[PDB]
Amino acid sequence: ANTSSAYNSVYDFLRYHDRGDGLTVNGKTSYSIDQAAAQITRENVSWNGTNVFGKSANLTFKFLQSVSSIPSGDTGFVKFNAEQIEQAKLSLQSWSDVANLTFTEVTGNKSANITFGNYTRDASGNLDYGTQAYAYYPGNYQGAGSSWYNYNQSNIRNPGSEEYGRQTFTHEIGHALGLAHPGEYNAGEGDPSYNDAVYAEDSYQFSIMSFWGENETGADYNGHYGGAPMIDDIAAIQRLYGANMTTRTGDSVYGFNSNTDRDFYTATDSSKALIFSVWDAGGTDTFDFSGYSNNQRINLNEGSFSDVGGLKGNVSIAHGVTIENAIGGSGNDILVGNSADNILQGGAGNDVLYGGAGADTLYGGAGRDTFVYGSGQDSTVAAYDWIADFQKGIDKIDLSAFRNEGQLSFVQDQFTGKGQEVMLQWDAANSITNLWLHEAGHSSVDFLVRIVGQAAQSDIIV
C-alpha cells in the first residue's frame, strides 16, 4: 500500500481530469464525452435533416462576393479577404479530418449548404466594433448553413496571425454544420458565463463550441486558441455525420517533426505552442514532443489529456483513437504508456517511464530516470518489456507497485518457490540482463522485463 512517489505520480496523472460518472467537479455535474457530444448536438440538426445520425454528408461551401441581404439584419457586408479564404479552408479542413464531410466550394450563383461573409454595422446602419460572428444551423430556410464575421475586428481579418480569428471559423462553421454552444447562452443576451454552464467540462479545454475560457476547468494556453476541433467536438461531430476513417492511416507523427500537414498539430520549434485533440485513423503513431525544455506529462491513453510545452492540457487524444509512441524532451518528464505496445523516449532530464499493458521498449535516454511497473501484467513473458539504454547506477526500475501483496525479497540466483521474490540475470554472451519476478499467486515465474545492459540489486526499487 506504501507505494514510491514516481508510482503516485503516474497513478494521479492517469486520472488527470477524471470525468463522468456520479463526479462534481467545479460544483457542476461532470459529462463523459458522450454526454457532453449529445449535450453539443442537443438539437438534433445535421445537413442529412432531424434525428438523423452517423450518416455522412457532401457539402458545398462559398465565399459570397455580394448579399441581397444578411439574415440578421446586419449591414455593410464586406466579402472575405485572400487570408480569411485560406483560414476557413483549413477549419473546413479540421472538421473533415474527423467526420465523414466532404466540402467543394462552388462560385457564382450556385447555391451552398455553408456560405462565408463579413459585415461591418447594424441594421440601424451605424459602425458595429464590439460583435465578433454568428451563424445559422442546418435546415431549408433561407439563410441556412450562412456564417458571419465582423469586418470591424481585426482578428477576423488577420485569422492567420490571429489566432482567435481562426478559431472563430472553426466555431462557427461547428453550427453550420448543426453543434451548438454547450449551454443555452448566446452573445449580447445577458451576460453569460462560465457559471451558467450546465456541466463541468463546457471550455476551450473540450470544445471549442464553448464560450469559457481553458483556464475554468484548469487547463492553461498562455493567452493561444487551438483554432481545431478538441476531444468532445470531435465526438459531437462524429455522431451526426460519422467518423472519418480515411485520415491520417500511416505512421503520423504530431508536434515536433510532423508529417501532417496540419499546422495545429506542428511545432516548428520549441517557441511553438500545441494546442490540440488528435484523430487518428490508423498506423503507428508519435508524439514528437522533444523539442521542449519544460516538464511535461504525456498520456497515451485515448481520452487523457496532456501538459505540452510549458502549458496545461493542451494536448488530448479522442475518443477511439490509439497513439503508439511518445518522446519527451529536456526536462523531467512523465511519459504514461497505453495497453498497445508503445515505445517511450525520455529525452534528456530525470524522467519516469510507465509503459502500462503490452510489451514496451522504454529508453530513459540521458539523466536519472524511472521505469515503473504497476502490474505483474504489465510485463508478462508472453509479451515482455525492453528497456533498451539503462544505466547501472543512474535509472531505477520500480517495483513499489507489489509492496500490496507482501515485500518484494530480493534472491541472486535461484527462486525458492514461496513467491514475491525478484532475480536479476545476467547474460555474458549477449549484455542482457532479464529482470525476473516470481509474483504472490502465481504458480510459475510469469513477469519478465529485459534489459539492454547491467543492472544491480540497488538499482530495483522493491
Second form
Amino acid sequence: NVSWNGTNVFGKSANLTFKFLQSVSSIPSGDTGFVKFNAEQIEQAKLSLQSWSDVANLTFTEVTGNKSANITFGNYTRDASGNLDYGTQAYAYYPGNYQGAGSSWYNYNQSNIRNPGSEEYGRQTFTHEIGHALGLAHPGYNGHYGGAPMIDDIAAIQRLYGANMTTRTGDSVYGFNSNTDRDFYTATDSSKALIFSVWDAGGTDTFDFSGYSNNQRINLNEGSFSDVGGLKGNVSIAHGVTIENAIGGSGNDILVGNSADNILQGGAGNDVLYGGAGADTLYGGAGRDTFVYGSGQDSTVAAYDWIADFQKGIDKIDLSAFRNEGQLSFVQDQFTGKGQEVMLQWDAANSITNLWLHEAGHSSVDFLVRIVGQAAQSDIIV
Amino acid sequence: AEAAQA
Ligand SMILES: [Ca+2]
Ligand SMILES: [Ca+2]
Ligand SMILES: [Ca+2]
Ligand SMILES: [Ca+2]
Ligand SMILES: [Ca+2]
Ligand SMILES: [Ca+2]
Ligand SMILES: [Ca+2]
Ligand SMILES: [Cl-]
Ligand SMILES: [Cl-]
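Can you give me the structure for the form solved in complex with the partner chain, which would complement the form deposited without the partner chain we have just seen?
Starting with the chain above, the whole complex follows.
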C-alpha cells in the first residue's frame, strides 16, 4: 500500500501539485518522441483530477515553469529504439521519491489520447492513470466507457486519503436534469449513456432516469448496482452514500428504495415500486403499476407509506409476502382479532383510503399504507 | 512501480 503520504498511511489527506510538461530531458520508461498536452487533453485531465478530489481529501494545484510537481502529464510517440509506436496506450508511476514518481504518459499516436473529450476511452485512461499516480494498484456498456472512479476505486482512494465530506452536500440530482456540473453524472438526451458510481456527502438526492424508454432496474441501496438506460450495471452507489429518490422512464421499471424515506416515481409504463423500510411516497405514474410490501416493517403506523396516485382497477398493491405467516384475509369494516387480516377504509371527507393490516402476533394494528384516492379489494394481491 | 493501460 502506497500513497503520497508514504507507505501504509491511511486516511491522511494530501495537497498535491500537477504539471503539464512542456519539455523533458527523458521519459522514465525509455520511450521517446515527447509531445506536450494539447488544450483538449488539458481540460479533460483537469476534469479527471476533479473526479478524484470529489471523492477523497485531495487538493490539486497546477504548477508551471521549472517547479517540480507530484503528478505530471505528457505524451510520447516512439519507443526507446526511436521507432513509431502506434500500439500502446498509456502508463503511470506510483507515488514516491524516485525519479518520475507520479508521472503519467500517453501515446499521442492514439486518436483517443489526442481527443479524450470526444473519445471516451481517452478520458477513462486519464482517470485510471491519475488513479495509479495517486497510489491505486489496479484502477478501473454497449461500447461506452465510464470517465470517473467506480465503486471499488472510490473505496480504495478514500482508504488512502480519507473521504471528502464537502462534496455535493445539498440536494443533488444525478442523470437527467442534473445539477452536479459533472459530465459523467449528466444525461442531456435519451441517447446519452450513463456510467458512474455516485459519491454524495449529504442532502436529499435524486436519481432522475426519466429520459429513457428502456426497461430499467433502479436500486437506491448503498453499494448496489442499477441497470440504467438500457445498459446493465452501469450505475452504482458508493459505500457510505444515501440516495433518497428515484424517477424511472417510460419503460417497465423496477424501483427499489432503501431504509430512508424515499420518493419513487415510476413514470409511464408498468412499474414495480418497493419502498422498503421508512416512510416512502410512491407514484406509479401512468400504466399498470404494482406497489410491493415485503414485511410489516415496510410501513408501520409510526412511519407509513403514502401511495399518491393510485388507480383503482389498474394499479396493484402486493402483499403476497405476508403469506409466509398465514395468508391474508380481507375484512370489510372490522377486524376479528384473529390476525392476518387486511382492511380498506375510505375516508370520504379527505378522499383517502387507509390500508390496514393486522399482522399475526401483533396486539395492535401496526401496518398502514395511506392512499390518495379509492382502492378496491381486487386491487390488493394477497 | 509502473502500471500500463490496456
Ligand atoms: Ca447531495
Ligand atoms: Ca442523501
Ligand atoms: Ca416506468
Ligand atoms: Ca424506503
Ligand atoms: Ca407507471
Ligand atoms: Ca399507474
Ligand atoms: Ca416504506
Ligand atoms: Cl481538482
Ligand atoms: Cl448539491
